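Okay, here we've got a single chain as structure tokens, the form solved without the named molecule, with questions on binding and movement later.
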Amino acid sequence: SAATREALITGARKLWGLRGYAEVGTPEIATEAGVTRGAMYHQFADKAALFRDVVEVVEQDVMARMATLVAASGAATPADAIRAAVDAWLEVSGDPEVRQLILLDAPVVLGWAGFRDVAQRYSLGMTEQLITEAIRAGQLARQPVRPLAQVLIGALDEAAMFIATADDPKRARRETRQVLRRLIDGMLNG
């Protein structure tokens, strides 16, 4: 029964990751997972409920992938951590599964308040941390931490959205990386 939950989340994630939420129904997901409809409905009341669990697991991977990329950059100071964290977010949001589930389907399926809540639960803390360390190292002016975090989250979230729907994604990704790079470098002292 625990196994059944795991296999449904895994199946939904794969199939919705490839074709999108709208294009795959719960009966197809049950078959893919090797379970009956009643085992499925015991675990998930409806389609949208299974999607919420898919979003939690994909967000966990996004944060863990991002912490791996920052730690693999060899960033020696808070300011370099920030430069790495910015590049990592554009790399990870470019992953076509993350693009489909988080950038396109999650806002539609969860609603505005739902999506914003999830996005903030996963991103706010990390962002607030990086800012607090830069302030302490003297690489960023002493200022209020949450307001800056929140403004940066809206900038980065919009960046990713703009890439995901662009005519030329590879170009939008590159140009938008320059723009965020210049912005950060205007704020940072080193």
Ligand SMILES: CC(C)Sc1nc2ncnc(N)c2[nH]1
Contents of the next structure:
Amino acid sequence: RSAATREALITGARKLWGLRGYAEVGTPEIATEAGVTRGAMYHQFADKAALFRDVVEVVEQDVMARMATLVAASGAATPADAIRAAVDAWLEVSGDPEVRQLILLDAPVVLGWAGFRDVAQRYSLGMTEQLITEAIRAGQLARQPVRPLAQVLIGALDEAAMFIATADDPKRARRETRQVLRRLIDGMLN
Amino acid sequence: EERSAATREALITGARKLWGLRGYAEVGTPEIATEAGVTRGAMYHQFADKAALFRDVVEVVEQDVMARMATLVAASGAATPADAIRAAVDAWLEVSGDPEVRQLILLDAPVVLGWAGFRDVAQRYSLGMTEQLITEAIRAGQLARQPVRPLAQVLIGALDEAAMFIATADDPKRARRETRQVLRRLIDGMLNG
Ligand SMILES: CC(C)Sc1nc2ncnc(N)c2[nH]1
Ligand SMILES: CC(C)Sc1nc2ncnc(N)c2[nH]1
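Switching from the form solved without the named molecule: structure of the form solved in complex with the named molecule?
Then the entire complex follows, led off by the chain already shown.
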């Protein structure tokens, strides 16, 4: 009922904002894409930013699912190779035009830095801490505090993706950034 | 004329002090005018609104952050580019740990300036110094030849997240010790020297 309306609105908002950006699409156009009235939409979402918060949750769930599948697919043989594949998986997924627009460009603006940090960490800290713990257990990464390392790596990878997202030559930005991240990772791994 | 130049400096000083202590959201422009000893009319002549005064406060705070980083690196006695990078990382944790810098740069500025605004300021102050330390290390053979701007950007993201993690940690003393250790391991893995 309400759940059907909310799911229609989130789907339509993800599609249209994914293509043209948060700033360029109003709630009435999203209501039309979804097949609901303005009244029904206003009942479910106070304002545009509330609908965007639910869009970011569903997109982040999909980002983390896709990254897990690419890492499972990579044929990584050790925890060190799992971390290298996880970095390749992030650059691949964050290079999706919808992810670029909603997560890398719009979410930091609409959510704020604190908001974006909270979402990024809520979705990514667990996977990141896991990869670090497995590398430490396999003797391929120095025993060190896991959470601070995970935090710093997430900040590095988020900034890498945002640099590529806004680069004048994104093809070259991506190749050069991937080399930077490999050197950084490889200096930690043994 | 001289009265107005004095008023502008008094407002920036008083706003920096009070917002530094209690946060942007907790201090209004009337209290800042009173602190500075000027009328609301004199404050309104200098600053269209509260956020315009905050933008000028961020500029003098950022100038002092970058000056203090340069001072702490000069004071380290670093003799090589590699040792200057190690000193610069320790200097950022020290400077970003100043309670006024924490409150105005790490907490208030992203909110008041917005994302685009805050990133533009952060880059204007930090990218130059960072790229210079990287170029010197590459020239000295202490860092592999590579494109400078992508490395600078990734390291700035790492260092910004380190500072924000300490700023909001349950135990900031421990967060800072542990973050300093992981950043030292990270740069020592990349530096030939
Ligand atoms: C996969 C991780 C090693 S890196 C990462 N950064 C992120 N930022 C925003 N949303 C996410 N899901 C992120 N994941
Ligand atoms: C230059 C390096 C220590 S990293 C750095 N990130 C920053 N963010 C905001 N304002 C600054 N001055 C910053 N410096």
